[PDB]
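A.B. asks: The residues making up each chain are set out below.
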Amino acid sequence: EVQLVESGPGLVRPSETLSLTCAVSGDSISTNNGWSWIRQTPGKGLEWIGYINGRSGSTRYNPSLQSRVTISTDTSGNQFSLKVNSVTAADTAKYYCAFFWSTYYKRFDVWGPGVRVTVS
Amino acid sequence: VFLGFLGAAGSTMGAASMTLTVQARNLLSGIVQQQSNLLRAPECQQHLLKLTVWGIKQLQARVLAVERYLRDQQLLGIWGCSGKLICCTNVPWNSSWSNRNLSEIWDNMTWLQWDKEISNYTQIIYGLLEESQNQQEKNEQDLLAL
Amino acid sequence: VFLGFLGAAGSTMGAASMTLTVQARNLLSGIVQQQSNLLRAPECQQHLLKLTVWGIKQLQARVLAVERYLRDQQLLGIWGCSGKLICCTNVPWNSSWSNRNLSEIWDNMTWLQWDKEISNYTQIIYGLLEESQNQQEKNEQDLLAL
Amino acid sequence: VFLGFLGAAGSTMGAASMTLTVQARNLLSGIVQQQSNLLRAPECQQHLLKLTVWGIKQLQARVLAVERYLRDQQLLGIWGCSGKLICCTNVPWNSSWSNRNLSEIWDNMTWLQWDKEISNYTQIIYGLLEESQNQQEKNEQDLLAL
Amino acid sequence: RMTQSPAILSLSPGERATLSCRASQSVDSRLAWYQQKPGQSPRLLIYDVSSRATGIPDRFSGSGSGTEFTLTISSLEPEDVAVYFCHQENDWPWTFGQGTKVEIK
Amino acid sequence: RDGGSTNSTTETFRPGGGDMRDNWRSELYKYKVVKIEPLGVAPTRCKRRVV
Ligand SMILES: *[C@@H]1O[C@H](CO)[C@@H](O[C@@H]2O[C@H](CO)[C@@H](O)[C@H](O)[C@H]2NC(C)=O)[C@H](O)[C@H]1NC(C)=O
Ligand SMILES: *[C@@H]1O[C@H](CO)[C@@H](O[C@@H]2O[C@H](CO)[C@@H](O)[C@H](O)[C@H]2NC(C)=O)[C@H](O)[C@H]1NC(C)=O
Ligand SMILES: *[C@@H]1O[C@H](CO)[C@@H](O[C@@H]2O[C@H](CO)[C@@H](O)[C@H](O)[C@H]2NC(C)=O)[C@H](O)[C@H]1NC(C)=O
Ligand SMILES: *[C@@H]1O[C@H](CO[C@@H]2O[C@@H](C)[C@@H](O)[C@@H](O)[C@@H]2O)[C@@H](O)[C@H](O)[C@H]1NC(C)=O
Ligand SMILES: *[C@@H]1O[C@H](CO[C@@H]2O[C@@H](C)[C@@H](O)[C@@H](O)[C@@H]2O)[C@@H](O)[C@H](O)[C@H]1NC(C)=O
Ligand SMILES: *[C@@H]1O[C@H](CO[C@@H]2O[C@@H](C)[C@@H](O)[C@@H](O)[C@@H]2O)[C@@H](O)[C@H](O)[C@H]1NC(C)=O
Ligand SMILES: *[C@@H]1O[C@H](CO)[C@@H](O)[C@H](O)[C@H]1NC(C)=O
Ligand SMILES: *[C@@H]1O[C@H](CO)[C@@H](O)[C@H](O)[C@H]1NC(C)=O
Ligand SMILES: *[C@@H]1O[C@H](CO)[C@@H](O)[C@H](O)[C@H]1NC(C)=O
Ligand SMILES: *[C@@H]1O[C@H](CO)[C@@H](O)[C@H](O)[C@H]1NC(C)=O
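First to last, the protein sequences are chains D, V, R, P, X and F. The first sequence maps to residues 1 to 120 in the numbering used here. The second sequence maps to residues 1 to 146 in the numbering used here. The third sequence maps to residues 1 to 146 in the numbering used here. The fourth sequence maps to residues 1 to 146 in the numbering used here. The fifth sequence maps to residues 1 to 105 in the numbering used here. The sixth sequence maps to residues 1 to 51 in the numbering used here.
So here's chain D without its partners, still in its complex pose:
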């Protein structure tokens, strides 16, 4: 059982990079692969941004942001973060931190409350 807490600027201007972080309490992020970011955009619905494997540092990103998003970890702070470059008004959305466990034996999610970010 973990708790996910997001934090970051609620406002980013055109062409700026948006930086959001998520703290993880109750377990480690150096392991437990499947730390991810999800975006909820009014008028579009839910989409994935991508995720990171705490054990290796590898990442996968949804193709729409293949050239725009970076996901990385601070295993000392036991927090992870999302950075999206060249942010525009179209990126206004509710951003969430989530943990997805999907193995042969178990399936579950943990979601944080998220951060609403306005983009000018």
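Hints listed in this document are in silico derivations from the structure and should not be mistaken for laboratory results. Among the clues, some could well be false.
Stated by the list, open to error - The list that follows gives simulated cross-link-like pairs (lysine to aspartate or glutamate, DMTMM-like), each with its CA atoms no further than 25 Å apart: (1) X:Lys101 - X:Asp58; (2) V:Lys138 - R:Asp142; (3) D:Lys44 - D:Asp109; (4) F:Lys32 - P:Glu43; (5) D:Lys106 - X:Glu89; (6) R:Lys84 - V:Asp72; (7) V:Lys84 - P:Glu137; (8) V:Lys138 - D:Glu1; (9) P:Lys84 - R:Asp142; (10) V:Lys138 - R:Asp72; (11) D:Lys44 - X:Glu68; (12) F:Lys47 - R:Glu117; (13) F:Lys47 - R:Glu43; (14) F:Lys35 - P:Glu137; (15) P:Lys138 - V:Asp72; (16) X:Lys37 - X:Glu89; (17) P:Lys84 - V:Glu67.
For chain D, the structure is supplied; the task is to place chains V, R, P, X and F with the ligands on it using the hints.
C.D. replies: This is chains V, R, P, X and F with the ligands only, laid out in the frame that chain D set:
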């Protein structure tokens, strides 16, 4: 069959890697294993029954060829190489086991020379190959993969 | 080899699934199967020839270990699992054979307990696995696939 | 097991290709290979020890079934078909070996008839299948592929 | 890559509610459903088409395969007013359907 | 033992005889032989992916 059975023995490792089916085909098929599979009775058989000691020696030879074959196949299976004469793994080379570059060993050494150079690291390498496959299966049982 | 041969026997199914090579390695290699493969003659051998009854008992033990091994490998091949210690199939679980959730069996039961719970459904399951593979091959022989 | 062992023998090649597991399952499991694997002792065994000639005849039969099985598996492995009952290769049909169209052989001939038509081309075909696999491995050891 | 229908249902308490979801490509059996109440992050209800997530009421069930899937809520309660989402788990893009609402009157 | 005796409640023990097997039972009592059966099946969430 047996038309160049150890023909590559004095050749380099690189060239010898191209004849691997030649030796593989001769591990399960000696003369007695061909006579035993004739459509006609082999005729000889009565000798090996009348005199049971000879019957036992022949069976021991046949059973052993099978056991040796199966043990090598089991290791290849455990290491993640079911079939294939040449397979790649994820275990890095230590450069302690042998410290030579690729252009030296594939072109200048024979397999016999190589075998006499790293023979006391054989068990270490085999142990690592097994651990590598176990780690791979642990990663396969994760639907988010890599 | 044999450093924790049934060590996971009292552990849960989940944990025990991580030691599968440990038991697999001991199916074809008893002490006599190691002595039989020495570079030197084993010396003992004359005893088993002078007294043919002992020679026969030893061979029967060796032949049986091989036959049992091969039969398990044949079933895995038929079911579509050539190699692999863990393989997924397309046969759904009936929930009659056993009616427990994943969080109950993988974490609370040992493999011995599981085996004693579904032992009389073994043949049904094996039959379904074979039918599934045959259906898959029928679908493979269709170039429009799925 | 053995519920239609050669049932497709008089059927066409096409229909018979759908029963391949039926014959495969009966190559390693005769009656004596089932009795030998009982949890209880078979009881009979003392007879085969008291009279060693009968003990030897039984072992020869069991060893041979294993050797024949393994040789067929080795060929499939060499040709690049580890497992599978049906596998495709890269060797073209010569139209000398047999000169019939697909609609004639798959629908009108039985496998016995086919076997009696191309039996003296068997070794040529097997030789080509081995060469094809060796060529494929040579191409695999090229990281630019095709 | 998946579309839900209808945009909204309006049901009497105790009535059975059904929502469909159609894929553009086969998603095999890898389908999950989520419940998002206003002010909340989505909760997992169902995974692998019909398996209930731990802690989910037996009101919730579902079925389907390939491209045709349904979420069903029997004996619908006022506490089930939410936006329900269809989630693809058979490919890399992991898309979601747009979300539909069920409201109890 | 001989069997019961009298109302005084006694038991009489004597050196016994019996089959030679009782000599081996005194050492092998701790051991059992079992056959190992490596195949088994169980429910999981995976499905063979057909490719
Ligand atoms: C035995 O050793 C000789 C000498 O190293 C090998 O000769 C080479 O043969 C190839 C193929 O004809 C030539 O391209 C090389 O130039 C030869 N080497 C030299 C130094 O002239 C010979 O091939 C070896 N035998 C085997 C079976 O490999
Ligand atoms: C034998 O049973 C005990 C009790 O269930 C197992 O103890 C667990 O060990 C793990 C690893 O150290 C701990 O994380 C668990 O919390 C322990 N369980 C309890 C209830 O305390 C023990 O592992 C079992 N033996 C084997 C070989 O699996
Ligand atoms: C033995 O030969 C007969 C005659 O060719 C086969 O009969 C066919 O059976 C199928 C399936 O019922 C029908 O669709 C065909 O129309 C029949 N053929 C004719 C000419 O009528 C029979 O199937 C063969 N036996 C086996 C085991 O294959
Ligand atoms: C690489 O080698 C390191 C040094 O190991 C030492 O030398 C080898 C040949 C053995 O004799 C070993 O017992 C000695 O401690 C290892 O620490 C390291 O793990 C090796 N890497 C791999 C992949 O094996
Ligand atoms: C699921 O189970 C249905 C009921 O089958 C009955 O119970 C089983 C345990 C056997 O004893 C069987 O002979 C009984 O008729 C089956 O009708 C159905 O086919 C099963 N599904 C699968 C995949 O096997
Ligand atoms: C196709 O056939 C050509 C003719 O070969 C002749 O007939 C066969 C049946 C044999 O008896 C052979 O010894 C004869 O020379 C071959 O030249 C050609 O290589 C064949 N193609 C393939 C793939 O085998
Ligand atoms: C290990 O192998 C090397 C091969 O060069 C040999 O020189 C060395 O003596 C061997 N070690 C032992 C203990 O035999
Ligand atoms: C079938 O297995 C179950 C295991 O729970 C057992 O209770 C039942 O008696 C078995 N059936 C027969 C006919 O032995
Ligand atoms: C080769 O097989 C054909 C089959 O039609 C047969 O007629 C021919 O006589 C055979 N050749 C030899 C030398 O036996
Ligand atoms: C599995 O069944 C047990 C016993 O009924 C129950 O306590 C447990 O919560 C169930 N697991 C799930 C995920 O519902």
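A.B. asks: If a hint holds in the structure, say so; if it does not, say that too.
C.D. replies: A quick look at each hint next to the structure:
Taken as a hint, the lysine 101 (chain X) and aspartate 58 (chain X) pair is honoured in the structure, with Cα atoms around 20 Å apart against an allowance of 25 Å. Among the hinted pairs, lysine 138 (chain V) with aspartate 142 (chain R) is inconsistent with the structure: their alpha-carbon atoms are about 34 Å apart, more than 25 Å. At roughly 22 Å between alpha-carbon atoms, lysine 44 (chain D) and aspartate 109 (chain D) fall within 25 Å of each other, so this suggested pair holds. The suggested pairing of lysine 32 (chain F) with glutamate 43 (chain P) holds, with an alpha-carbon distance near 20 Å, which does not exceed 25 Å.
For the hint linking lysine 106 (chain D) to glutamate 89 (chain X), the alpha-carbon distance of about 14 Å falls within 25 Å, and the restraint holds. For the proposed pair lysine 84 (chain R) and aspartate 72 (chain V), the alpha carbon gap of about 16 Å is at most 25 Å, so the pair holds. Between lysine 84 (chain V) and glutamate 137 (chain P) the alpha-carbon distance is near 9 Å, which keeps this suggested pair within the 25 Å criterion. A C-alpha spacing of about 22 Å is found between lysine 138 (chain V) and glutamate 1 (chain D), which places the hinted pair at or below 25 Å, so the restraint holds.
Among the hinted pairs, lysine 84 (chain P) with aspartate 142 (chain R) is consistent with the structure: their alpha-carbon atoms are about 16 Å apart, no more than 25 Å. The suggested pairing of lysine 138 (chain V) with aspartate 72 (chain R) holds, with an alpha-carbon distance near 23 Å, which does not exceed 25 Å. Straight-line distance between C-alpha atoms of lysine 44 (chain D) and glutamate 68 (chain X) comes to about 22 Å, which keeps the hinted pair within the 25 Å bound. For the given pair, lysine 47 (chain F) sits about 23 Å from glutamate 117 (chain R) by alpha-carbon distance, which is consistent with the 25 Å threshold.
Restraint check: the Cα-Cα separation between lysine 47 (chain F) and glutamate 43 (chain R) comes to about 53 Å, which exceeds 25 Å; the hinted pair is violated. For a cut-off of 25 Å, the pair hint linking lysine 35 (chain F) to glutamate 137 (chain P) is broken: about 41 Å separates their Cα positions. For the given pair, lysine 138 (chain P) sits about 23 Å from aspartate 72 (chain V) by alpha-carbon distance, which is consistent with the 25 Å threshold. Taking the CA atoms of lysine 37 (chain X) and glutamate 89 (chain X), the gap is near 22 Å; set against the 25 Å cutoff, the hint holds.
The hinted pair formed by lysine 84 (chain P) and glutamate 67 (chain V) meets the criterion: a straight-line CA distance of about 24 Å does not exceed 25 Å.
Hint check: violations occur at hints 2, 13, 14; the rest are consistent with the structure.
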